[PDB]
Structures are given as C-alpha cells and as structure tokens.
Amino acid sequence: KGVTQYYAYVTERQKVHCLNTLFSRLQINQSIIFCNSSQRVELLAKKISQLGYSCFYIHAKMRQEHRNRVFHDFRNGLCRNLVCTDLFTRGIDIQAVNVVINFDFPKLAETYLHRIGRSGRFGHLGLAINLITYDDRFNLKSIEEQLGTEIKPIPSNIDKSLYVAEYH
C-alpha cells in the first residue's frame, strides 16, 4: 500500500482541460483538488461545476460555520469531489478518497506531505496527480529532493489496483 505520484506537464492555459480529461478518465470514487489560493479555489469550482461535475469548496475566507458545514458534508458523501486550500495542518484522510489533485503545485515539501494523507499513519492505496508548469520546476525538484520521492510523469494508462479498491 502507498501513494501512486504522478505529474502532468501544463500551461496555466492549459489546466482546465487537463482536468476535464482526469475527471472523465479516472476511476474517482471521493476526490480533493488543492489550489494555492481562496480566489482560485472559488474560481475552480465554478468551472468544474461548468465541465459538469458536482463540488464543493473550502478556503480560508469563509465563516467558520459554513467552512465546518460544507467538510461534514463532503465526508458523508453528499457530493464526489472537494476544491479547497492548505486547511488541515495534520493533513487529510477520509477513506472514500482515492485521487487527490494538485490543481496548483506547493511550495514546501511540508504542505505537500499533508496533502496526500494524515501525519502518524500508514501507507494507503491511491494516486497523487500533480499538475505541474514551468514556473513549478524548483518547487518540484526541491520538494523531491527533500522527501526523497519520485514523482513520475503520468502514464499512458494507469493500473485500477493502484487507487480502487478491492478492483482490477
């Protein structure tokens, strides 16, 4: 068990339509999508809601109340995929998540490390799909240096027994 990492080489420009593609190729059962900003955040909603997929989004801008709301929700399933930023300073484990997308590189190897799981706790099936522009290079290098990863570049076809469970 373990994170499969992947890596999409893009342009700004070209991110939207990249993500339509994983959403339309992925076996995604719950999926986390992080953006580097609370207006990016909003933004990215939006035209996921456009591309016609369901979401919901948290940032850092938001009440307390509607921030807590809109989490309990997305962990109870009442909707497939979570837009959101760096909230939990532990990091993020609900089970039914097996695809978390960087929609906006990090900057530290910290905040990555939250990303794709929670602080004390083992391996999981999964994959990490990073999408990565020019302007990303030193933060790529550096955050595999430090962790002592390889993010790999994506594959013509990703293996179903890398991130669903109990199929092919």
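Superpose the two forms; the largest set of C-alphas matching within 1.5 Å is the rigid core. Positions refer to the first chain, counted from 1. Compared with the form deposited in another entry:
- Of the candidates 47, 67, 124, 40, the Cα that moves 2 angstroms or more after core superposition between the two forms belongs to 124 alone.
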Second form
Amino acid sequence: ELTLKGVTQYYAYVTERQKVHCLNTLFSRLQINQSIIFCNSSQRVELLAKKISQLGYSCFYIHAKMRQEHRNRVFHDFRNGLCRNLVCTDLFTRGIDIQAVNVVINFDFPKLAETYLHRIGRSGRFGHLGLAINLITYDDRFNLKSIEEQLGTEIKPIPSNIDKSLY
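The structure above corresponds to the form deposited in one PDB entry; please provide the structure of the form deposited in another entry.
Since only the chain itself is given, any partners or molecules it might have are not part of what comes next.
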C-alpha cells in the first residue's frame, strides 16, 4: 500500500482569490525540481495551466477528458523532464514514483483521505524526500483535520523558511 514516510506536509490558509498568488509565491520561494499540482476538475486544471504559463512558468496538464494515449505520452514526457510542472486531476491508482518531484501542491484540497493518500503517498519504505503543500480554504477546515486524523499524520502550518534538507 501507500505511506507518507518521507513527505513533509504543510498547509496554507487561503481564499479562492488568493490561490494563484499563493502558488506563485510558492514557485518563487521554494526550491522545486519538479512539481505536481492537483485540482478538483479538468476545467480548473486547464485554467491553472494557463495561469501558471502567464506567471512565467512552463506547464504540463492532464485530466480525464483526454485521449489515454495523449495522457500517457504527456506523462512520459513529464517524467523525462521536458517541463518541470504538471497539473492534473485524480487519475493515479498507484502512488507517484518520480524522484525529481520534490514538491506536490494540492491546489484544491480533497474531501476523502483516500484521495489525499493517492496524491501524496509513496510505495515502499524508501521514498525520496518530498513536500506536500495543501491550499486550505474555509470550507476545507474540517476536512483538513479529519484527513490528518484518519491517516495518523500531521499537517503543520507552512513556515516562512522551509528546511532545504526536507526536499
């Protein structure tokens, strides 16, 4: 199954208007090799890809309303590293297994702990060190603590300076 062993998890309290601002601040301040950003719909995935490219960052995106061959080839190109950011929905049955992805960002926080695990979790006891940064809104405040409890982990507030040795 999946565990959250090497994944240091943080949360940032935001409103929907502040999410793009928060993501750009994360991009600027954080030392990201590669990153995967999860959204709760394909529409929002495409809109966030547009916003990311506007801010000056290249972007990959995949979602459900796609031909599986296009999706697979885009995922292969992202694993090879042609672009450093990948925006996607929930279509990972297995845990992500890319050593270069040291930051995962839940742009839209999920409601079920199973989804949070499938986005953030790792396979085996020796996963690479990573960050998990959750953008939490008011309507997410209870699901945050509920998912934090169900999985027996802790999701701390994000500090203004994150230890570089964690990711």
